Amino acid sequence: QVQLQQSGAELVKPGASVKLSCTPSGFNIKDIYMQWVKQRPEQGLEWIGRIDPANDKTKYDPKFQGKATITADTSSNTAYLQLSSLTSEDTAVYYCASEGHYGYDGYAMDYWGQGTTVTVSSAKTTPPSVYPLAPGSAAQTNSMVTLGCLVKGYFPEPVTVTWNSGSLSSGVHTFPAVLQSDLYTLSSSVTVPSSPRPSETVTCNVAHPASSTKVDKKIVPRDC
Amino acid sequence: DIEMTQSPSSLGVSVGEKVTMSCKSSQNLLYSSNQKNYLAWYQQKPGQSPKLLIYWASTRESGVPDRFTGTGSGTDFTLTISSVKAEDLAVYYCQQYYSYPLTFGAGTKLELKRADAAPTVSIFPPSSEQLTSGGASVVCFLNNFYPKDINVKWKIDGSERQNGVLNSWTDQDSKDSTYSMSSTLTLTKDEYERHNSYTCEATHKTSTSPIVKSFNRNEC
Amino acid sequence: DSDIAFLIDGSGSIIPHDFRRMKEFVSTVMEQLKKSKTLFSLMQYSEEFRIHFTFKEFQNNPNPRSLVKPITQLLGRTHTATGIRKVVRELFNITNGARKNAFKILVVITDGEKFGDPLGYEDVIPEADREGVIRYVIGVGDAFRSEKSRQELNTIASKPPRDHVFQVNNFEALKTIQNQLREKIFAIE
Ligand SMILES: [Ca+2]
Ligand SMILES: [Cl-]
Ligand code: NA
Numbered sequence: 003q004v005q006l007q008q009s010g011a012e013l014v015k016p017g018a019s020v021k022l023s024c025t026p027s028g029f030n031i032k033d034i035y036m037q038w039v040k041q042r043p044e045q046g047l048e049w050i051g052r053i054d055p056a057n058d059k060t061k062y063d064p065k066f067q068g069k070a071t072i073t074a075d076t077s078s079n080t081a082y083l084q085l086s087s088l089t090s091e092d093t094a095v096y097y098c099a100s101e102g103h104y105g106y107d108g109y110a111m112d113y114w115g116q117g118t119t120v121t122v123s124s125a126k127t128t129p130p131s132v133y134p135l136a137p138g139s140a141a142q143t144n145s146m147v148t149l150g151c152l153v154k155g156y157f158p159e160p161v162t163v164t165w166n167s168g169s170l171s172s173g174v175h176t177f178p179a180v181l182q183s184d185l186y187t188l189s190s191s192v193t194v195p196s197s198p199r200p201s202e203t204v205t206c207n208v209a210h211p212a213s214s215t216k217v218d219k220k221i222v223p224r225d226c
Numbered sequence: 001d002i003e004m005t006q007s008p009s010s011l012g013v014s015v016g017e018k019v020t021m022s023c024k025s026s027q028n029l030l031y032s033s034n035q036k037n038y039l040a041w042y043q044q045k046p047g048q049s050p051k052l053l054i055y056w057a058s059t060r061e062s063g064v065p066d067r068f069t070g071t072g073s074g075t076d077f078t079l080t081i082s083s084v085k086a087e088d089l090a091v092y093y094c095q096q097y098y099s100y101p102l103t104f105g106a107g108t109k110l111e112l113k114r115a116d117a118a119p120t121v122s123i124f125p126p127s128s129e130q131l132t133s134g135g136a137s138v139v140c141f142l143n144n145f146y147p148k149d150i151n152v153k154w155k156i157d158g159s160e161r162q163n164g165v166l167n168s169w170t171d172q173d174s175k176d177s178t179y180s181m182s183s184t185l186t187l188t189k190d191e192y193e194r195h196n197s198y199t200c201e202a203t204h205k206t207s208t209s210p211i212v213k214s215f216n217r218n219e220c
Numbered sequence: 132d133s134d135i136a137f138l139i140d141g142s143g144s145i146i147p148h149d150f151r152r153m154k155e156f157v158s159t160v161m162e163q164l165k166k167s168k169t170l171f172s173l174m175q176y177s178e179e180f181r182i183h184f185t186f187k188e189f190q191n192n193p194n195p196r197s198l199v200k201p202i203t204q205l206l207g208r209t210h211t212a213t214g215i216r217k218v219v220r221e222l223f224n225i226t227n228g229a230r231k232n233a234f235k236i237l238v239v240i241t242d243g244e245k246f247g248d249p250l251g252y253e254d255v256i257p258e259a260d261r262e263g264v265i266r267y268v269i270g271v272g273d274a275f276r277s278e279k280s281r282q283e284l285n286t287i288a289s290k291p292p293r294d295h296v297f298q299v300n301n302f303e304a305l306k307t308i309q310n311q312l313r314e315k316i317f318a319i320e
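Residue numbers (PDB author numbering), protein chains in the order written: chain D, 3 to 226; chain C, 1 to 220; chain G, 132 to 320.
Please note that a few of the clues may not be correct.
What the hints assert, rightly or not - Computed cross-link-like contacts, BS3-like style, restricted to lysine-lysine with a CA-CA straight-line distance of at most 30 Å:
hint	chain 1	residue 1	chain 2	residue 2
1	C	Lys36	C	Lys18
2	C	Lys113	C	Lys148
3	D	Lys65	C	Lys51
4	C	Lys45	D	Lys21
5	C	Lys189	D	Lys126
6	D	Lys61	G	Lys217
7	C	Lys36	D	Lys59
Hints listed in this document are in silico derivations from the structure and should not be mistaken for laboratory results.
Put together the whole structure using the sequences plus the hints.
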């Protein structure tokens, strides 16, 4: 029940500013040190700074000097993090954590928030181009056959990829999206026996909610 | 700034085993007045936020099972998991809370061990659809391999290529415990039409010789 | 003619009753050392630093208990050196009501050794000596039961240690050194 409640996902243009909030349910911000920790995709934890909401006193890591501004509002029992002059380097998950006061000179971060995704991009809503991935005209030996689906140049995340409307679940794995230009690119792999393909149907179903697009691409053998 | 050096970066684990992680700090974390080590251990399960596991280097947090043990003093610290459960597969971070800036270690990711598996390599020429847009992307999948460490080499007409290459790796498969990787070589239609053979070379622990998958542009 | 500063430890280890006992001790000292040219200032330190009253603020309200009652505990870690520098640079500044040719006295009250402080005593002590700051130290409890820990006390206090260092078992025993402290301040006023 006792937890730190963080604000929703953010999509911001570079050079702009963003203000993230963290409200604990169960305790008072006055009785803790509210910490702010940065987590870059598939990277480690990076401490930004902390606030003493009882007297508004702050400490920062000089790496975040000028970038981050930590404030507290006792009235709404909320602590804030403001990131200014946003760049692609500020795209990360930001956590608020509290260091409690338990009768010792300091403590660990005993409570953590769910996190807040911040994405910094100049891009506007762009639908994906869905390309089929069929093996070259001169291949074939195996009892199994791998086919793919290339989901290129979309913004923002997410995109959902199913194969044969969810019927092909096994042998399916989707690769995490990568930022190519200022847009995303993703690929999905499907492995089926050599017997059902190309004799039977293998179709990828791509959905990009943000652009209100649904695309279905039948994987057909290469021209020749 | 105090440097937190965690070892190993990744650890292969089997259910029921005793596992041990290392955390070494560049400065002493033992405070003389209270005789407490200002070291904490956090567990970060996938998709979730970090959770406090051990504080004061050896005190378990409320609800933390007896299987998690913290040992060490001053500089060299160790986390121990006697009889590993599946629910314990996560990233373990250590942190110093002695002085500012508060610093964290790079983590120790626990992964499930299985038999060494060689990748299933597949090359795909650009689609006719994409070529109409003026772009050409050659895709290479290295699927279902164990362990996670792998290398990709792109070859256009026998010679190496490093520009336009974008790579993506899946997390360990929840069912077969393997890793997969996607490599995409993006050129223009004109650059693409200037060459004949395209290849992706996969280098993995399972073989001394690399797995080579190739295609010829002027071959149907 | 005296400017008596207090630099009190407000770190987490000091339980509320003990912080109350220290405030009581600080108040009583100010009441016992009450002289017509004697001003007092207070700064609380931990990992954060707070001036609770300047000499000028005391001059405009010379009521010790009125000034000490509102003081709230900071909590956190112990940065004694940074605290000493802040007392020297901020409390003993003419803008904060400090007098140029007055006696500069500092009573430091702590329950533990400094740790993780950006500053060293070497970066702070020479500046205090050069500015003519007479330092008194009260090391409270078990944290000062070693040889190394007592040297920290000696580093904070002015030489010799016999004339400037004090040690009490707890905060309830601060009352014991009430008379000894008042008499030491009065010796070379
Ligand atoms: Ca203390
Ligand atoms: Cl002196
Ligand atoms: Na998140």
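Each hint, compared with the structure:
1. Between the alpha carbons of C:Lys36 and C:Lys18 the distance comes to roughly 26 Å, so the proposed pair stays at or under 30 Å and holds.
2. Between C:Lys113 and C:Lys148, the direct Cα distance comes to roughly 11 Å. Compliance with the 30 Å bound is thereby established for this hinted pair.
3. This hinted pair checks out: D:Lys65 and C:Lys51 have alpha carbons roughly 25 Å apart, not beyond 30 Å.
4. Restraint check for C:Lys45 and D:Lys21: satisfied, since their Cα atoms lie roughly 27 Å apart, inside the 30 Å limit.
5. Restraint check for C:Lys189 and D:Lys126: the C-alpha separation of about 26 Å stays at or below 30 Å, so the hint holds.
6. Our distance criterion of 30 Å between C-alpha atoms is met by D:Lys61 and G:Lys217, whose separation comes to about 17 Å.
7. Using a Cα cut-off of 30 Å, the hinted pair C:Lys36 and D:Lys59 holds, with the two alpha carbons roughly 26 Å apart.
Of the numbered hints stated above, none is contradicted by the structure.
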